[PDB]
Amino acid sequence: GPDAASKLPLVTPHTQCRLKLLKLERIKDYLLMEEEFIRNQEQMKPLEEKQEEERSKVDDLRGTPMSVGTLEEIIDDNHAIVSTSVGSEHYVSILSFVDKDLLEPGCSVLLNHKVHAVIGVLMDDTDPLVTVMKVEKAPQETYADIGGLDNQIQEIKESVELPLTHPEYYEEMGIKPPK
Amino acid sequence: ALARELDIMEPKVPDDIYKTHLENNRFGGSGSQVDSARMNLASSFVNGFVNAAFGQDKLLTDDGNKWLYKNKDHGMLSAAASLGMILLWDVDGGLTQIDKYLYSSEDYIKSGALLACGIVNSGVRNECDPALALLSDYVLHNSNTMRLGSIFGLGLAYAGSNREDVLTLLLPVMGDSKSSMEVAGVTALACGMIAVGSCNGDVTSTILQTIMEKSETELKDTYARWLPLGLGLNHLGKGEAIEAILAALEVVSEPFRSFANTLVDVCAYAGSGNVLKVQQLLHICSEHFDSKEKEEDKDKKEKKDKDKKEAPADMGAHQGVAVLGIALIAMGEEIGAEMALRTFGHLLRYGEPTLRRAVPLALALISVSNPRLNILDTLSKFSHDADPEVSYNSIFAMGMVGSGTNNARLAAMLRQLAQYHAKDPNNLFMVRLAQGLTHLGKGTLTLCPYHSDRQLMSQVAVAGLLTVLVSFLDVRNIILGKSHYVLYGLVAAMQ
Amino acid sequence: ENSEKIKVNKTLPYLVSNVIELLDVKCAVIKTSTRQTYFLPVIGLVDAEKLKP
Amino acid sequence: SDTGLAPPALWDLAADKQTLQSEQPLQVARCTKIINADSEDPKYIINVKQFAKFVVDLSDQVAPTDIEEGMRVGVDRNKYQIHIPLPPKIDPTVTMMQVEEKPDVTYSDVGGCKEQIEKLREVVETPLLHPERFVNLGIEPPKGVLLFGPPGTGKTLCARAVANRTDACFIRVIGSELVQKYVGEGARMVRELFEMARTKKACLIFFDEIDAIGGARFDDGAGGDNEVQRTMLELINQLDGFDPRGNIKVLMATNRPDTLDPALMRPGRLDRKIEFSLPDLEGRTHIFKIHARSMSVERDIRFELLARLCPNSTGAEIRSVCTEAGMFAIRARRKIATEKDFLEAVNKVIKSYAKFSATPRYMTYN
Ligand SMILES: Nc1ncnc2c1ncn2[C@@H]1O[C@H](COP(=O)(O)OP(=O)(O)OP(=O)(O)O)[C@@H](O)[C@H]1O
Ligand SMILES: [Mg+2]
Ligand SMILES: [Mg+2]
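Protein chains in written order, with the UniProt record's numbering: chain A, 42 to 220; chain B, 332 to 826; chain C, 75 to 99, 120 to 147; chain D, 68 to 433.
In isolation and in its complexed conformation, chain A is listed as follows:
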């Protein structure tokens, strides 16, 4: 999804070109108005803190013993059928506090322990299959180490490595890289 870093990787100037300076100052002015924009409205309208009050109310709406279950089907929005812990299916009501986007049919769901409903999705544990074949780094064998085979190293370089380092070549002749 969204990336925390890389706000604007506009390194095209790649130099002391003034264009770098203009964009940076733009955010500064916007930041200044936002500062007194939030705190000012946060005094005469002490309803939601957004930092301690926002989280606090939802926790009460949640339950101390948060439940874990499998979402089995997606009935109309705000409504879903979630398989209970052991073997039961409940026609629970989806709460808007959830992102409402990660609700894949069968991943995971957190439910209140008394009025069971959807309270939140749970990230799925890395399945053991992925870890089985997820080679991290080739220990020691380099590419000049192989030696010997020369005309045969160009084919592999040109099928599984070039289209990822210099896509332009299979970008201007309109040819998809060998499968």
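It is possible that part of the hints are untrue.
[Claimed, not checked] Derived EDC-like pairs (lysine to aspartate or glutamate); straight-line CA-CA distance at most 20 Å: (1) 415(D) / 191(A); (2) 86(A) / 618(B); (3) 125(C) / 78(C); (4) 84(D) / 618(B).
Everything labelled a hint here was simulated from the structure, so no lab data went into it.
Once you have looked at the hints, place chains B, C and D with the ligands on chain A.
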């Protein structure tokens, strides 16, 4: 010529096949056909537009008599206008046979036909300019109804025209209060957009025609918003030396003068990227009205923030939208502040899924708690990707149809007439040039349909007036052609 | 009595069970649809002969 | 955090009061399944998942016609009263077969199959679109098509293309998904598939590579394959089986036509058989054009000569020549190809890799 003849394939696209891909709705009813005109009227609107530019692709016109009988007496008046849309850009082809049948009864049906004339005659910019000669006579003729249709078409047909004779001529018709209010009100919007320069004489005169109105009409009108819009674009680029007269002479007026004066400032300051000018709008304006009963003003304040922010080097667009969600909806007022939904689609409306639509607007589209709230957001989505030519759009459209407010009729036509209409092919709606920083002064007309749908007194919900939702379309074509003097033809590729 | 008789039946939710052994030491042993067995001393509002194992 | 933190602005849009207004007034129900409708007036017999089989009647707002035997319905958690009918359960592995995104290929990237394409549109792209033409005559349009040919001829492309224009729902099937561990549930995926399709007024099923579950009936006295055979029978029985199949129009393409049961290859199920033979001279001269468009060329290239240098070259072997001829230009560092580059391409993809190939040992369909 090069699209159908040279190309071997030439298939037809009936409307029924794709009208209802999901069959859940038809299950259970097992037919149960009804003669409701509300259902029939909406369906015709969707079908009519898609059949444009299809001379031989017409099937519901030869035997269309039956459709006329299945509706109310007054329903056909709104549907009468849609007939003209089929024969788009027909200077004289369609009018040749209409004249011979003019000498006939049923003059009431003729009222709806004229509305179509304005759209077809818009953009041709004929040197002889036949629109006035073929429209002036009926306007001056003494009848509220027959000239009622002529009022809407005249403004749209002359978007590029800026002759002062028409603008002054139209003033008396709207200035005569002896006729229907709607007749004057609907006209006032058209005249505002025609003049994009200064037009000092009429801009001040237009203000006068609004000043000498009773407090009840001025306060509770629900129709005076468009008045500054025409003036706002008619005073763009003016400095403080010009607004000094307006401010000095507007110091002995009612507090409503502050309400209207706000719009002019933004339009005049087209490019004024800054923080000091924007701040008092949100904070000072919001706090002051909390001690009085005046309302319906903060909504316009937020929608106009798009100006001088459309093209922030393609970097301020994402930042601006984020603040709105956490500011205007996070803790804003319950109704007015929460109704800042049509602002997001106004800033950038071309179609960019997964980064600016699913998160910002798609989340609020399922607000089943209040159908009225969904009304603004349901129409908001269609505006920004009406014709994006993207095949990965229909999945979301079906995510609500058949799974939300289906029993209610008021919410029924909100989605069907708009959500299913986003499939129009070979069409583009972006107006920015290739550079993306130089906007078109007359191309910014896609701003009127951003508060009228909110109230809906004889605007959208009430049948009788729906051309307001058809006139704001002003864009270019998406087809590029190459040819030679002797019709040689090349196959040069593009990337 | 009918008012009181309906009161127990008025609790419409029943628990379906299969009769296991209609012992005559006219009693019945049932096996509710929850894997629980019982020894209803009195058959209840049903004949003692219409009930076959 | 890290569990369900959504846009905070949307939480207030959630109207926590309404959520409390919904986290109390709205009773949570439990799924169930009806077995009987004991007569008298109400008295519905119910079967919760794994608690018991209770007896329930109604609450107030569910019309008696709204409920029928064997229908999913929610129930109260305290008194067990039906409150809302629930949708039937479709196996998630069978519900993932529905294509939600159309493949990006149209009926203009397949060349030489003019007759095949035309014969594949009067059974899957005309009965549904313009369905009134056949009404003014007594014709039940053929329902089902078998596409067979040597590997890499275009069986899937002509199918992937039909899904790009079809208006009715398109359902995938690979022919290996219908193989499952336990006896039984290899026909459930073939019973659920058609139940889902019948819920759609127009539906197409593409049984791609129907050879793993479409074999011939073979009794060796040693308990040969039987689960796959049972699954095939269910497929055969759901196309013409004493029950109108509906509007489902099957479309199965097989690499090995001479292996199918002589019951899946009769009119009624797999009605029309479309042969995908190796392209002829006019054909492979057209495949070259459809694959060498978005590439740099000498313009003056004898594509016909290249077509005649690979007589029995499948469609795939022609794209590999085009995708490889430009490869010889990336290596020389040039940016515009040449005929000599293509000729070296044919010498490598057609005559140099002919040792392995697939065409010589498949045109016998064995
Ligand atoms: N007539 C054709 N025109 C263009 N490309 C073709 C043609 N026939 C095959 N191809 C190419 O074949 C490739 C895909 O082959 P495809 O899987 O459709 O073949 P197949 O023989 O039906 O497959 P299989 O037997 O392996 O299931 C694509 O790259 C496509 O360009
Ligand atoms: Mg295949
Ligand atoms: Mg046959």
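How the hints compare with the structure:
Among the hinted pairs, residue 415(D) with residue 191(A) is consistent with the structure: their alpha-carbon atoms are about 19 Å apart, no more than 20 Å. For the suggested pair residue 86(A) and residue 618(B), the alpha carbons sit about 11 Å apart, so the restraint of at most 20 Å is met. Between residue 125(C) and residue 78(C) the alpha-carbon distance is near 27 Å, which puts this suggested pair outside the 20 Å criterion. With a CA separation close to 25 Å, the supplied pair residue 84(D) and residue 618(B) exceeds the 20 Å bound.
The structure fails hints 3 and 4 (numbered hints given earlier, in ascending order).
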